[PDB]
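Let's start with one chain on its own, the form deposited in one PDB entry, as structure tokens.
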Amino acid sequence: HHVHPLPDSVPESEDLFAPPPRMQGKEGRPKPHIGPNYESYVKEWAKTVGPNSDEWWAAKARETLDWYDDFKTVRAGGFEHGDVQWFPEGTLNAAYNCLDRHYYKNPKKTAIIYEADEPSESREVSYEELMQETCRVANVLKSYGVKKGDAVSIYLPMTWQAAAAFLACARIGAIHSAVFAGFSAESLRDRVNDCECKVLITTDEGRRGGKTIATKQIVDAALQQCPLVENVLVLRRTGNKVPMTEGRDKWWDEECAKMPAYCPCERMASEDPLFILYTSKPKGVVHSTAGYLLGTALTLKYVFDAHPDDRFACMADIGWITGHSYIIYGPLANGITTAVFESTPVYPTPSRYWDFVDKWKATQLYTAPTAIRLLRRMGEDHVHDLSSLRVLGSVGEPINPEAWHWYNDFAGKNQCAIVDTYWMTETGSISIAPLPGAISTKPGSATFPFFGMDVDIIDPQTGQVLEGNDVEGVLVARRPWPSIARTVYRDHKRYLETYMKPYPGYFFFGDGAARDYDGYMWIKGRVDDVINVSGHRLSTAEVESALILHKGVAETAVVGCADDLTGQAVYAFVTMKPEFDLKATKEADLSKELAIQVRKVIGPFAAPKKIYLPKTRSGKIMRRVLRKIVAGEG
């Protein structure tokens, strides 16, 4: 075969895992929504793409969400000019769909499982409580003069009120712009100025893993160069003394105590913007209302097989798109229970995830590879019952197949489906992932595209589509889907040039990908991280997966630097486990073993020329820093 899976130590013939009995109608668990096999997924999927799929999408939009005004047109527009429209004549409100309509049905049902940094301080927040808090904040924002279409910055740690602040903006038609609680003032400042907001929502302090985040202190520093901000609403998270500027700053609880506990919903057009989410000038990705909300609702229901009594535990941060979609909007739209985890996976112990799972009988767990490195690395003594789990998800970057099996074995007792979810901030919702009740998985593969996603592979050297299977190139989408980002805030040109110009006719994700002989999709990393050695273009995922097969390796990152005899050369930056003895295995001897590992697993063309990690707050490895340093640019 031309297309190889990510290097793994397990035979390929033993790496095809069918839906287990928990994802079958047995053991008293809900029968899957889609199942039991690959053909059942394809049968439904073919209704969601092609020239006769408007029928399916209209029904799903009318069944999934509540509308104030029906829509007439299902879809229009396209990539070339970026005029994407879905359900354009309809009106709705995101807070009505995430709060009110469930409050009216079961007001005492739990909406948020607030897992505080300290396990003792945790509690359940009901749809009644969350709605009242949202409506109070919404009334406060209106009293500040916030109007439909105004931007509101949010700088909140993972306390449950963060959901109320997001939904308060959506309730009144404001455009919330979340900034990870922990970015520098320079990062907070740039995002506040770009969106031109006049109101900022934040806390006095945060708490994560026992540490103290000086959110208010950072804000005051950033706001010295954010001229337009006139109002700041400070949640009293800790109560510890923080500076409160007179007039500009007010306490959340004092402001809310003056306001009523209900607020009307602003009737929003489908294409009114719901939020701006900046990405690390800053790129403010803009999502509209109806299509984004429907995408998050549909993906949560099918990719995680969500059922009414489920308790969904996404361990990400609301400052990132994974929090937007699968902590707040997705789960609350489906009306289930969602987790807001304010701690780290290592506090009080590396068993918090598992203590959390057993304490709350969580039905799905959704975290990232960068955190997955933690648990499997430190010890499986930390891994409990975990029987409540039924679907396990991973998001953020390629998952080395080695981490994949531990996830299947110890967290799932070989009884959970593992869903590797591929998507971007700009897709809004999950693009390629297995439906747990239908798809037999492979370690390290995203598998098949989700409803509405018609993806293909393009040879970047010819610009043409590679027909068939067992092909490799760059991933592109053929048609718009409802949750696609609609622009980059006040910079539509950057939007078109980045995603719509590189391969005209298609959307360009920016990732290398391959479709193997079985049709399974494999995402191998950024195209900008590809290294071309003597005509062999190498992905960062395959070299880094082969390295992690050597004893003692924890995490790696390979970058390319120019080479006069091979064009570029692979340079690998390697991190070792703490117990590993660097004296027994000399650094020169370690590199020799690693280069032989890569040569054996990939080929001589891939052997690193030199072996020696800078990571953003989102958990991503800053490979652009490793590349420039190797060249000698400070």
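The term rigid core refers to the most C-alpha atoms you can superpose between the two forms while keeping them within 1.5 Å. Residue numbers count along the first chain shown, from 1. What changes on going to the form deposited in another entry:
- Put simply, after the core is superposed between these two forms, 531 is the one residue in 263, 474, 531, 269 with a Cα shift of at least 2 angstroms.
- After fitting the larger rigid piece on its C-alpha atoms, the remaining smaller piece is found rotated by 139 degrees between these two forms.
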Second form
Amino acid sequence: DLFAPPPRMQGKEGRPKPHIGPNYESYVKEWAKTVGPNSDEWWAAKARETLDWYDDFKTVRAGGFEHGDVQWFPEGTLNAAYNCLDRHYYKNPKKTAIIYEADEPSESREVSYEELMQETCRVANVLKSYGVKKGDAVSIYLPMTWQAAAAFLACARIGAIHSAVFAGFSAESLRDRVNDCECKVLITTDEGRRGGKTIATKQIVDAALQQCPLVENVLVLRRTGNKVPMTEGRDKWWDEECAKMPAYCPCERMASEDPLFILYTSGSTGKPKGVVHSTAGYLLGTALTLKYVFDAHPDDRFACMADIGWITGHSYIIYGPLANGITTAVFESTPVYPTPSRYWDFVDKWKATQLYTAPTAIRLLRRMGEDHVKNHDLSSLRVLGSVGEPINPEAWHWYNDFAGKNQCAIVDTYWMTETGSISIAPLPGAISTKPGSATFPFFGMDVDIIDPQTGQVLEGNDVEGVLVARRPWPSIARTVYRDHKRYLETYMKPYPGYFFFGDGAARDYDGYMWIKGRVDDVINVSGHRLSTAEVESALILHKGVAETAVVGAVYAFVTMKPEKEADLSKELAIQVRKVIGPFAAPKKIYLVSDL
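Structure of the form deposited in another entry, given the form deposited in one PDB entry:
Coming up is the bare chain, nothing alongside it.
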């Protein structure tokens, strides 16, 4: 039940030879350079080789967990849009930056680096005309159309701080995130299209903004052109604003530690935290993980099927793939629209070389039956990635058997919003995989197991407890927006000297890491990171509810105040979908007399 790198990962059959290979010892030889007291050399070289800098840095790293003053390359300056767009445009303008796989397959097209750069510059000029300055927050409420990348990168280009809100969030959820970050500008769309259905985004925006007193300008992408309300003065059409502007905009020269984005994320306690990532270390971590975990080569076509509203979309749709100058997929549809062949129809149409998805999507397709995958080529694929949650053994094999035809590496990538980039994963040209194991830590990641009853490291193999990291890494989140106390309390205080992931883990006799799962009240349902406390708070607000308990699929047990039962389950399911979002409805709601 151990899977050595298959021929597609040995440079055989004309494929690109792996960056790291061919065995475990070859991974350790490199990894040892990236951790410990003599690792600055490797990190300084990779930083200078991977990114284009305006000013060089002097100091590789400083700071630490205790006070949350982590620093990487502090004196250097750079721009994330320059590194993701301009520098590749200058070398090969007509290269496809984005494969835009529209909700309807026949509406898909390739977007060149030139076209993406031009649209990013126009949007940036629009934002500057609204008075957006370096360090201002800008909220983004966009579905999976390719212009979402232009939106993110236009903010990065001028040094604004984008805060992307998942297009599956409700009006109240959008409003809360818009208000927390105090942005004065919101970028959205008239409607979204997903799985053949319409998302009334502008309608949701108008309801949210009724209680957002700081928002002054809304830029509206005309994705469908159907009639939506537009407030005079406040609301402008993306195409009409961009048509006034030049198709080039200079890049703001950003410090390595200037904030790049806020991304609101659920914790075990309290409301969603605005997780803040800075610029150089985050960009470096995503570029290096993309190159090494997926063994990306210059002509690859990388298909991350995630959503830009989540950290997986930030790191492995936009920043990672574009920093590397390759082609990245922006997938607007679902895995089963029009049919469950879609993922494989897509792979064959574009000859995708890697595919990155959640264990849930894989399990759903396995439910729909092997008819939809057994008769495709898929030989373009070399690596199949999984992220967001444990992948079951049956899913791992099905992924390897059908999607991979037993010639692909399966990289099980463990990480979190707060880690910025992948933390534990097999390198696919070197590591033999066990189904369900993340295997070995990535470069810069020194992880350990701690007994929670003790607070001390369990050294050796065949141990189990809580996962922690010994030392900062370049892409670690730097703060929680305007709430640093919560950052320290959650991640740095439980085990002083270490970073606390919040997951359980075990290291078997071979040193393979096995991610047990959250030891707190965070649950992963279909790859999404949901707090049981937020679901209870959503349910508690329903008129008549007296006490709720939500436990990890999500299941809620509710008791009503003394003032049909299946019809009540639906009204509470709608209450959760209204407070959080449709994706957050519990799998079952049980009405009991006492908890």
